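Okay, here we've got a single chain as structure tokens, the form solved without the ligand, with questions on binding and movement later.
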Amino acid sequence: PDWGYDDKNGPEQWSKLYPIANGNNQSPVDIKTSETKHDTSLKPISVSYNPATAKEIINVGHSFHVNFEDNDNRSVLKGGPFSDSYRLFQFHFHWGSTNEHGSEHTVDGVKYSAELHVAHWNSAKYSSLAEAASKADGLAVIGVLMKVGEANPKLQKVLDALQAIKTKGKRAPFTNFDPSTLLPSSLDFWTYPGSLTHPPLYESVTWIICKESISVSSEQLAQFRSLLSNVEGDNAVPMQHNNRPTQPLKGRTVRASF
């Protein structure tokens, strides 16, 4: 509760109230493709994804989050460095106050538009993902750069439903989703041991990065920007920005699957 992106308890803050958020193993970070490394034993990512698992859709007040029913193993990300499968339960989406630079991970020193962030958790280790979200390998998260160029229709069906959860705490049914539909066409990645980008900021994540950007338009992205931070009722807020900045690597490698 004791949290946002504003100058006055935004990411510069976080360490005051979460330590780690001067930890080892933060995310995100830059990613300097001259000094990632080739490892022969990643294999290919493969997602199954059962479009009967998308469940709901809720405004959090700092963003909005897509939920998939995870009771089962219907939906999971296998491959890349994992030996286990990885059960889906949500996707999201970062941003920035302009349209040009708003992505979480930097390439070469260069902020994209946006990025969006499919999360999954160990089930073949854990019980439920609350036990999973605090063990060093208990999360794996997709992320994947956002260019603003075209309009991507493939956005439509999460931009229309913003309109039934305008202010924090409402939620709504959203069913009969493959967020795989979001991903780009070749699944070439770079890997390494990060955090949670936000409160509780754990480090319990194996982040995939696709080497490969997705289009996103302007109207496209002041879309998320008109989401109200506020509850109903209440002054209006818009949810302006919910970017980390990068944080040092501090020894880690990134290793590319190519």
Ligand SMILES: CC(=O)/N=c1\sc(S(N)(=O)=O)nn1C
Contents of the next structure:
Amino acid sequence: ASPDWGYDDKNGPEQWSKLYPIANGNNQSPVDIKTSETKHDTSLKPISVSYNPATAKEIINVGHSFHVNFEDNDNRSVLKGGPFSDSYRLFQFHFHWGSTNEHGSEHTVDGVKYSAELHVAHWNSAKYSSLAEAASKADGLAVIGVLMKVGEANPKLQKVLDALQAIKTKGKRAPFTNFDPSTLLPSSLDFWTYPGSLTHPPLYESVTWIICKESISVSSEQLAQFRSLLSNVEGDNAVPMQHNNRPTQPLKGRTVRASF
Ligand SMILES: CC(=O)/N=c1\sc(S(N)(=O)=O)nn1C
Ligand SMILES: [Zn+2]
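Please move on to the form solved in complex with the ligand, as the form solved without the ligand is already shown.
Below, the chain from earlier opens the complete complex, with every other chain and molecule after it.
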């Protein structure tokens, strides 16, 4: 239980349950969003993101992916509105991609898989005292997912792509400062929401998902750069981060609410 899970045949998503029984839970993520079955909730408020760029701290290779971490000792960068009554503190953003540029997202819409997906995660600092605590509670986290569709290159990604040079292998880290992740969100913030979980181990069912209706672009060459990062530690044989997406999971009676 100290660790070893992956995205390969051997320790991949279809095997995770032998180690983490919650993989077969009732609130697993991601899911397929059937637009004809969502329900308009008039109580939903517009989402309000207020991030401080000086809160950007570092970028690190974690082997299965890379994370962009933020200082979360204060409420300098918060997520408000939507379905929530309390403020959520920003802590990180990361991406998910596939082995092909066409299909790599986690969530799907009407049975359609996007190229990639951006996740902006927050934790309930109004209720818990640390991310470690919140991480396992039902109302513990809030993640904004933004679907990515291959086409024209997205210049808003450049600073992230540039930083990838310094964290080529697992365990490498570098300072990553003065950046506001809201610059990556689509122009409209109409969304879908549903209760779910972390999409990789530990798979806790502690996330309130916010999926933006509108997608963002990325070219195939930008994606190729994600796919060029290595999962091995410095000095060993090269093993590229080919994919890190989980298949969609049974909805099991949950409701996907729409803000429109
Ligand atoms: C604590 C935490 O943020 N964990 C993560 S965030 C995450 S995700 N992909 O955003 O659902 N998956 N996991 C394992
Ligand atoms: Zn994620």
